[PDB]
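A protein chain is absent from this complex, but the other protein chains hold their places.
Per-chain numbering from 1; labels A, B, C and D assigned in written order.
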Amino acid sequence: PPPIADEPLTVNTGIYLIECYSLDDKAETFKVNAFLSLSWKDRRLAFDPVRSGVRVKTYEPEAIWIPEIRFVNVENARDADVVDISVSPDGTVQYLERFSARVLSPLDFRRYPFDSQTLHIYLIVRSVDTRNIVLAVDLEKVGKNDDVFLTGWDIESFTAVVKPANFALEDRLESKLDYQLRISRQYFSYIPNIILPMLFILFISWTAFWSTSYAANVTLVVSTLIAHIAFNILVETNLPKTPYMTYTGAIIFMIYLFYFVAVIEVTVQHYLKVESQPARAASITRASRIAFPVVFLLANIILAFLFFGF
Amino acid sequence: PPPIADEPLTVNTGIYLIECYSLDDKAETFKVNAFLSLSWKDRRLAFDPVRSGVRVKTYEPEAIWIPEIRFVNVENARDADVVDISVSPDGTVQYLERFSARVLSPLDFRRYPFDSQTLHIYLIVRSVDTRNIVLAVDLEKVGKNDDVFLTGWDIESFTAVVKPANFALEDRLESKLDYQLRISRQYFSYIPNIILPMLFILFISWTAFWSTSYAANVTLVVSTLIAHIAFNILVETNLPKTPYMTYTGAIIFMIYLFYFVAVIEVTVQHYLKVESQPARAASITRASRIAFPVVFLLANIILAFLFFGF
Amino acid sequence: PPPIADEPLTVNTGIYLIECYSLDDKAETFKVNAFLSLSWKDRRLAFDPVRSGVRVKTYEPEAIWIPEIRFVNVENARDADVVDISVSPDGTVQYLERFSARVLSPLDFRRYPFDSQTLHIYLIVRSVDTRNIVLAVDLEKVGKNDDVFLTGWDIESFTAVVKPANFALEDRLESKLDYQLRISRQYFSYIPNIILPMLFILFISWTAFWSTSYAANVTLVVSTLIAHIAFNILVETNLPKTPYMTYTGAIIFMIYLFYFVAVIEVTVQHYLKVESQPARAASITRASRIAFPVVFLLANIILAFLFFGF
Amino acid sequence: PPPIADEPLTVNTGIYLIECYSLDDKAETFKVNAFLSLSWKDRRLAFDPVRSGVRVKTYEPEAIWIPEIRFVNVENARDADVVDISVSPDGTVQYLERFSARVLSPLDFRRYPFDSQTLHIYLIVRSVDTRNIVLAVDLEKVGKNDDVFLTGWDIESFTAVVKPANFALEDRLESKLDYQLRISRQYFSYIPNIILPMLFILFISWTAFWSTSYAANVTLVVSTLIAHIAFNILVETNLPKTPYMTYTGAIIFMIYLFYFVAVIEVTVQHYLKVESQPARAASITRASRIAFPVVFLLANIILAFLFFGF
Partner (left out) sequence: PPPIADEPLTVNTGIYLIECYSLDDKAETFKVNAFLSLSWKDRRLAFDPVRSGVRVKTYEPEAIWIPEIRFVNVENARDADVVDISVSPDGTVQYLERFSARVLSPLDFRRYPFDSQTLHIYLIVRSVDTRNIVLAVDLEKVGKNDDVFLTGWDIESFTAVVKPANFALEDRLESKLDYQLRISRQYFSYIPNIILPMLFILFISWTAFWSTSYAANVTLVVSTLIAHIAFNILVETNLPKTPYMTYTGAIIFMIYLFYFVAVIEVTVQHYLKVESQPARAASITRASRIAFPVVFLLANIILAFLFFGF
């Protein structure tokens, strides 16, 4: 029994983030728990101030006509409890619920180890014999407690796109609302656990440029190659199959190469030493101890610029 | 209280995909969230335009008789909320729900690393004292937002098989409807994380064809053998027990062989060098450094053709 | 309000398997989704054909008295939706539901890698002021679509034990019904991923019978010992703590021995070579290169027979 | 509307275990599925045998006053379905439900690999304007099918503590009932997969007492040290953070020491051999090959006695 209008009914929205958590980098989701603020003028609900009780009159969701406001990008339907309906005298209704859903918005792991993300929540509304348009009421969009957690990420800013996008689906237009949560991953921890450890094994590998023994050199360069796989796999895990290349997956793959030519070298600095040509052999090894480190640091300036610098 | 017909009642179907996700290669499933469009002529519901209110009259699911449309290949029953019922004057009903289920359709990992899949959804309907036939109304089968995600896969095309298959179960025929989702796995990421890394260790292994030391050679060929197991196991995991052979599991198994004959060789290039016959020994090793690489690349053209080329 | 009989009321059962999946070898369970067919004569429900409407009269589960048919070996209560109740004129009721539960039946990993299993579903019924006996109606026990999946297993045959077992519990007898699903694990994949890889490392280990160097021999025999642990652990995982010995766990444990005596030997073929007694030393090593391989293949014929052959 | 007594109302309890499973050593829980038998005399429910229908009169849980019997040590509320209420003529009520909950009782991993445990279920009841006391009726406490599974454990005996413990909580006493399930872990499988494999690597380590080469000795003693970590970690996992020391965690830690002094030795049997003092060096190594094995077996008799023997 919708409210009989003369034109499009405006439903006024606002989400107050109470809780954030379980951002799943693997599954591209995240859990949230907030308020849902809704307000619309239903004239049938007007009620003569002085003639009746107080300022406002509260109802049970049953009696009043209430808009169906579905969330778009949610795995399931949001488990919500109704906090309060307060019908103004003029007919203005003040609906308020506290929902709890897991939303589904994509993530760009382009600069993975260090990256900012922007999460979305959508809110559509299907129209019937009348049209509905949703729209934000910033005084409730302020959605953010000063205790919003979401570990591993720095929460930048929760806001909403004031202009709804009014689609037109299966005959009957709908009104969508974009709510936005910006976040910057807290890297750091990635250094002492991935970056640094992963580099040290790379360096230790090429102390085989100051060694003349093939045995201790295969042991040296190969043992570390393994550890880099241990790291490659470790990272490879908490991270989805992007169709594109990831910054840290680039450097981590480039590192595979330095282990190969490293071997190529030691394997060659051998076919020369035993080829009674140690004149040339220890010339190559002499070069390596400068080439490798330079071309690496060099290549990272190139690579890092390639990603962030562009 | 079914609508009294004169023949088979046609229920008109249509699924509008709103959300896709959680394709579980392991468990052969996937999660979806869409619209369910249903339409049927119930003559008892006809209602004299001018004599009553407006064009259409909305009901609560309770009052009207509504067909039971079960999904066939679903783990459980689909959690659905009813968006709208709109009874036309002639009696045409316009049912619409937004469901959310995990479907269960098989996958062919025949060309695993690079493979296309076709997902299914079924929709049956059991008949009573009357017969029901389902059938598509393409204007609602268009089921696909321009935001359909499903990570790691490229979504080809959502469509439906217009002709239902009318079984006959436990006395009382049913009408099934095949809805189809085609997808092509986004490989790529498999190269810098599996393919390439896995090859490099294979090459490094057989730099032992340019080495004359049994120690650094066992170290060489064996250490890498291990890493290939590390890779074999890693892949082996996110992948079910197919009764058939998988493309990447073929090459990954074929690789086990090159590590064996590699050892065979170095183990033999030793029983000869110490058998004061280094004439023959370094003849074998000289061969290996060409045989191995050729017969490999060679065998892949064979194998790859065997899979995709046929 | 049970139907007043003159003797034991027969409830007629039948399960039509629609979906199978999630056989958890670890947890000894498995998920199923089927029809539940129930039929019983309630004479109070008889209804004069010509005097009233049609052949049969459908009810809502509420009105009619309906038997409580609990599943015995289920983790929880089965999530079921009622498809149809159709009361015959004589009083014969035709109940039909589509349930979805995870059943709990044991598994014998005696011949693990290659083994057949028989799954169970139970269906009891508690009696009140009257006795109930359940019993199969094969025309609904046919429970099996030609699309029954259950990956990794070959589904042999779904059937039911026609004779119920009528216990007697807490005063008030019950009627249990054994439904049976036979399955044969699809091994195969176990070869190129466990069996073969696991053997190759065993062979490579004992190329140390054609080597005279203690260093490359410890490297050889030990490195592979490790990989066999990597395999031992890998298998050890997707497999519960049986109180008995498993076929593949037997060979995989027996393999541990060949790595020990292998070491014993190389460790001994050393205390002799350095004991200026290389006459004896290379006599032992000469033996090993025949003993080991024979006694192994030999022991497997013994072991394999021990399991399957008996 | 409680039954008006003259003193404390006795509610008669009894749990018939139908299903056991999912004992989580990690989380100290376990899942069960049983009957709940309750019986109490409500005199208002008396009903003149001959004047009315039959022996007993069945009700829907709604009508009758029924005691709230909460389980104490349960994660959540137990999902129960009501099987039957049968009011005797005198007023004796016969309540019966089939519940399904996960209980939470502690475990003592003191003798971990081989240990017996005793599981608990509690059943309290809060009193109102009258007092309630619970108490067992052994004829229903017999709770145990001859098919009670619970894999990996041998089920000893299900019984109940007949005397309730009547606390006094937030003003209003309660009656608690201790039900007990004794179980003995099926070890065995721990031998061929942990114990034995873990020992073999320990032995192989100290074949370095019959070797004079520092290289093959570091390779020997170190490689195995690693595998023992592989085992240490493997075990360390399916096992909670006890504040006390676990039997197998003791021996597994003690093993770490034999790998250290082993290294100490080989590292010392080197600083002597190169110190032109091989007289002393191969005296130490000669000792080790007897000391180590003895002091180990010796220390286990000590340790094992320390745990089980005391």
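Worth pointing out:
Here is the rule we go by: a contact is a pair of C-beta atoms (placed from the backbone, for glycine too) under 8 Å apart; a residue touches a chain by one contact, two chains touch by 3 or more.
Though it is not drawn, the left-out chain touches A, D in the full complex.
Of the options A:96, A:303 or A:306, the residue whose C-beta touches the omitted chain is A:96.
Among the residues D:17, D:38 or D:225, only D:225 touches the chain that is left out of the figure.
From the options A:165, A:234, A:257 or A:298, the residue with contact to the chain not on display is A:234.
Here the missing chain is touched by one residue of D:184, D:267, D:277 or D:283, and it is D:267. Contact between chain A and the unshown chain involves residues 14, 16, 18-19, 21-22, 31, 33, 35, 37, 54-56, 58, 79, 81, 83-84, 86, 96, 98, 100, 139-140, 147, 149, 151-152, 154, 186, 188-190, 192-193, 196-197, 200-201, 203-204, 207, 210-213, 215-216, 219-220, 223-224, 226-227, 230-231, 234. Considering the complete assembly, chain D touches the hidden chain via residues 27-29, 68, 70, 72-77, 104, 106, 126, 128-129, 169-171, 214-215, 217-219, 222-223, 225-226, 229, 232-233, 236, 240-245, 249-250, 253, 256, 259-260, 263-264, 267-268, 270-271, 274.
The rule we apply is simple: only the chains that are shown with their structure count from here on.
For this pair, chain A with chain B, the centres built from the Cα atoms lie 25 Å apart. Not a single residue in chain D touches at least two other chains. In terms of which chains touch, the assembly is arranged as an unbranched chain of neighbours. You'll find the chains touch as A-B, B-C, C-D.
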